[PDB]
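Spelled out from the first residue to the last, the chains are:
Number of protein chains: 2
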Amino acid sequence: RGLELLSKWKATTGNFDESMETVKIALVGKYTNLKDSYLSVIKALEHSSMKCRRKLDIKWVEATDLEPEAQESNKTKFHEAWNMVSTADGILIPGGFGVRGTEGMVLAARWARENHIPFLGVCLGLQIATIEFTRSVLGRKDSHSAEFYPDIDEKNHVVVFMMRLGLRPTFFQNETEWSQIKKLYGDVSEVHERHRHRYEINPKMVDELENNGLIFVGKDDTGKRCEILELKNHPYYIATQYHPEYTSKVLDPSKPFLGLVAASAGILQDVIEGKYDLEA
Amino acid sequence: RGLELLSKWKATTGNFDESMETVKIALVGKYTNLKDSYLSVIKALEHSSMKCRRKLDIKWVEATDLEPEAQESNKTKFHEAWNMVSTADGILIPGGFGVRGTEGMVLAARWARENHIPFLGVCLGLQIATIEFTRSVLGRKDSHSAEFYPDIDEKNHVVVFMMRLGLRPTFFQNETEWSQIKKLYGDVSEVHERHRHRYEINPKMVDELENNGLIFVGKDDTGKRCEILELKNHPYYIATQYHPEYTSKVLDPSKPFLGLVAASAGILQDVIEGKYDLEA
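Chains h and F are the protein sequences, given in the same order. Count the first sequence with the deposited numbering and you get residues 282 to 443, 455 to 572, in order. Count the second sequence with the deposited numbering and you get residues 282 to 443, 455 to 572, in order.
Just to be clear, a hint being listed does not mean it is correct.
[As the list claims (entries may be wrong)] In silico SDA-like links for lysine to any residue, alpha-carbon gap of 20 Å or less: (1) h/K475 x h/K524; (2) h/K340 x F/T368; (3) F/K356 x h/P527; (4) h/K305 x F/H360.
Calculated directly from the structure, the hints in this document are not laboratory data.
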């Protein structure tokens, strides 16, 4: 197992030197200038990009520069932000801190829902995948995070302090054999993942979202908590309430990020079928 | 008047050499590869750009490359099209021929409605400014041009063969003193313009559009026909049912195109106030 780990390291290293073609990903969030604040997300994209043999090019987008208000306030940076979103082969909403970036992150999720761009939402990214699908597929234009507390009736989320932390399981919903993400997990019955959330999607709404096609393909032990979503019949539109970048490893890339790179490369089928494992 | 015409020619010529800064405009339509097919539109943008002292940079966008379907069909050109739309200081829908480009031209009109980008719609561009404002501000997602005849109930337009052609008047609606476009026309009571249309916006709907803020600031002699719209409280969002590029002249630029360049330059107020007339 020592010699095999070296051989597999020489393989992932060779797959970086032997990398012929680029994948461009827009990472859209608060204060992306502070690049160490997203360090795990970058490394999770790197580990997966060496499995796909493709060169990674993260475009850093400040989420607030996408806003319709930014166009009069700071027009130049607003065009740079939108060129990055328009160029990218995939979109990534990375699980930001606090509310500020939300309005632009909605428009980045809309951009990948409508036009078939590959997408991953992490934590606040699932929250914003659900706020957007509510705000555009159900109408409901007033809907917002539970952070906007005094609106009450239109809160898209509910408090669940138990903060939920550490390695907890997540179980696939037993009918979802079509799912792109539960295929990447090798058809295993459950997964185990890290969490950092005080809010979850309001269970009252989840039947409406499931019936409209925002299928919650994974839930917790109780079945009350929204842990994964996949939009039915889109090339790759995933979100996770957990942070999968806290279990990405260089020889075993975290599956939600592997799917984002592989679909951005247009190769997702063949990665699932096994054309890119390190040893035969 | 001979010597004055030469002096005014030396002035507009000097304003091209003395041009310090660029204005970028996306012209979005069918078959923009066939650049002579939009010749008058280009010349109308050139005449106005010399009044603004600013260098013109038309981005040519094939409207069909903006479509959500183009993303799987021909992904590379779809990113080039969206980068142009995202970069531009103004959007222009030029009065295209036939239906093909419509679905992308809707998304270009939406892009300039929501984010405060300057816009001009000419003929089919007013039709698409009204289809978009219907399709996104009123909901009504099934609405379409009268060209999709067998849908009946959701047709956004009505036949009016009288084809309407040649120089006809248009009269401002007597309350619209706020209007950016009727300010560019010098507060004159009426205008005279060229037409080429078989369809007009269905009069049954126009009260709903006026009440929601898509104010039809100009109509015909009867008041039945939709000749101009301006969206209330946007920096510059105009459309014309007429083709104003068929009366643009090098010393007297056509007013709807002067407003598009001047607002793309962020100077619209000062052009209306008179900081750019050729002789004192």
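Here is what the structure says about each hint:
This hinted pair checks out: h/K475 and h/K524 have alpha carbons roughly 14 Å apart, not beyond 20 Å. For the hint pairing h/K340 with F/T368, the CA-to-CA distance comes to about 16 Å; that is within 20 Å, so the pair holds. Taking the CA atoms of F/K356 and h/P527, the gap is about 14 Å. The hint holds against a cut of 20 Å. Our distance criterion of 20 Å between C-alpha atoms is met by h/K305 and F/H360, whose separation comes to about 12 Å.
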